[PDB]
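Participant: Use these hints to put chains B and A onto chain C, whose structure you have.
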Amino acid sequence: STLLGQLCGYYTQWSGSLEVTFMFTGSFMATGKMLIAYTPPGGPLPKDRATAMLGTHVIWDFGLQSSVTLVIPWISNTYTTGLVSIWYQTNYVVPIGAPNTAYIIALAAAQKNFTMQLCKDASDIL
Amino acid sequence: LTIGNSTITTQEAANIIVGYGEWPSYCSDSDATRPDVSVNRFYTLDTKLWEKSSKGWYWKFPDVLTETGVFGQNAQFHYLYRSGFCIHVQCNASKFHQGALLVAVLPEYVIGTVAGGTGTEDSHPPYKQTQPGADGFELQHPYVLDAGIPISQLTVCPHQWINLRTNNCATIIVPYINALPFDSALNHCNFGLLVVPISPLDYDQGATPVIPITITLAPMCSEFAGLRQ
Amino acid sequence: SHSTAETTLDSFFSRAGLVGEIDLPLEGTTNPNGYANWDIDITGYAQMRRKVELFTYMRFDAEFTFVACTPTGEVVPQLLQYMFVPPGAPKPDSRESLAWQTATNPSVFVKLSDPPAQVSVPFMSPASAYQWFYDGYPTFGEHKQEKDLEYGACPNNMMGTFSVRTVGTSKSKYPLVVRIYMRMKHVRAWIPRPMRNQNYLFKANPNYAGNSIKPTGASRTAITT
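Residue numbers (the entry's author numbering), protein chains in the order written: chain C, 98 to 175, 189 to 236; chain B, 16 to 47, 54 to 250; chain A, 72 to 296.
Some hints could be false.
Said to hold, decoys possible - Cβ pair distances, simulated, as ranges:
no. : chain 1 : residue 1 : chain 2 : residue 2 : range
1   : B       : 61        : C       : 125       : 32 to 38 Å
2   : C       : 219       : B       : 174       : 51 to 57 Å
3   : B       : 223       : C       : 193       : 41 to 47 Å
4   : A       : 248       : B       : 161       : 40 to 46 Å
5   : A       : 284       : B       : 176       : 18 to 24 Å
6   : A       : 117       : B       : 248       : 45 to 51 Å
7   : B       : 148       : A       : 286       : 30 to 36 Å
Note that these hints are calculated values from the structure, not bench results.
The beta carbon of each residue, even a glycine, is placed where N, CA and C say it ideally should be.
Next comes chain C alone, as it looks inside the complex:
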């Protein structure tokens, strides 16, 4: 869905760091804590939150609207690649008159140190 992704489809090899900012779009009166944690490749998905906490992790409170942004160290080409998981550290809490369900948008880009190398035209159409 990213422009980065569609561009990476036009090359075969790439290496860099990526930024992924998450944007909470709930009510203003809504608060809560989410636990974002990135686990490096090879190692499997952490079984629970507590075990996920003992690794690279980021505590996200809704005192910050969107400013929480994960920076993943390195991406290569030959669990081939590491996966980031988002966890409920704390239940969604709202007052009365506030919606009990909220949606959050993820936005992602590459840092300055990101590059692509060998070119390949792989587009569906036409």
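Facilitator: Okay, now just chains B and A, sitting in the frame of chain C:
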């Protein structure tokens, strides 16, 4: 507020209170390794649920991190232990919620059982009550702190009030408090962390019935020493 | 309403209180051996336990006094031997035990005609301070296979034990009663904690009743005094 690979987000402009006016220092005595690498980061205990019927919670240190963290791997492999703690208790509520949390630190928190009847004859409390791990344990009789010691005077210990109307976080820094410069880790619990409702949670119906108590803590000046078991 | 010396740690604790009484009757079921062993209990004096438990860590000297008479308060020509048995050394079991002769157990030889014996016991604990509250277990080992009644137990606060007996090979001619008074001297207290709320049920643990009580509830209603 980032220390190591751990990143937590909280207010860095609150009322940080130091226990008995003394920061955790390194032992420069004769009783005897000082790790501050992956034993320096923030450990975040699973969230508890502040509720109307809640009686209160307590955690025993350093037992809470015995099995849960890398901190534990150094505490279970060394027969000697010494460390301070940075405790940060924060709950997230809305302007439509009420409550008042007393977060306190009572060193040598010995738990007691009960013994009713014409003849009093009781046993001694189990490990789950004595050393409840990171899960903690709910108070049985909060008014006497499960020890015949009145919570009415708990404020004589390192304390902070959490008023959902006023506060949101409580920060307590506790130094290594003990009669010996170095003690065991899996045997002696230097202190207990009390988080008890004085003014109970209330809200008009329709609001989220559980306010999330989050405990983020990190050992300030951990110094295990001893030798490797 | 001017001097604050009244409320110091020293003047609060320093006061010789009756801490235990030894009974050496002429004939009875209590002490048919004409001797007794009294382990030093600070909680011998009633109000003292709730007092010292205001703090967690403490340190003090103790001055012991021995008021000895017959159960009528009559003083009799009898020679007494008060022996102090340090934490290490073992307590005497028989009246002819070799514990009464062992020098490293200091002894006091007085008469009832002589004014009450008075000695001073230094801070005995191997730790830097006494400890009425131990949230854990004494041993530093994986031993967890027995009934852990060692919770709250802290055998480092052991102050030793006195051993009272009637001097001589033959049993005493008079019925005696020896009263022991302890007075705390140089005192330092460390970590303050709330004062006892409920009645004490046991000796080595802060257990309480199945039915909790309260300090006082005079006010029948909040409105009216």
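Participant: May I ask which of the numbered hints given earlier this structure violates, with the numbers listed in increasing order?
Facilitator: Per hint list: zero violations.
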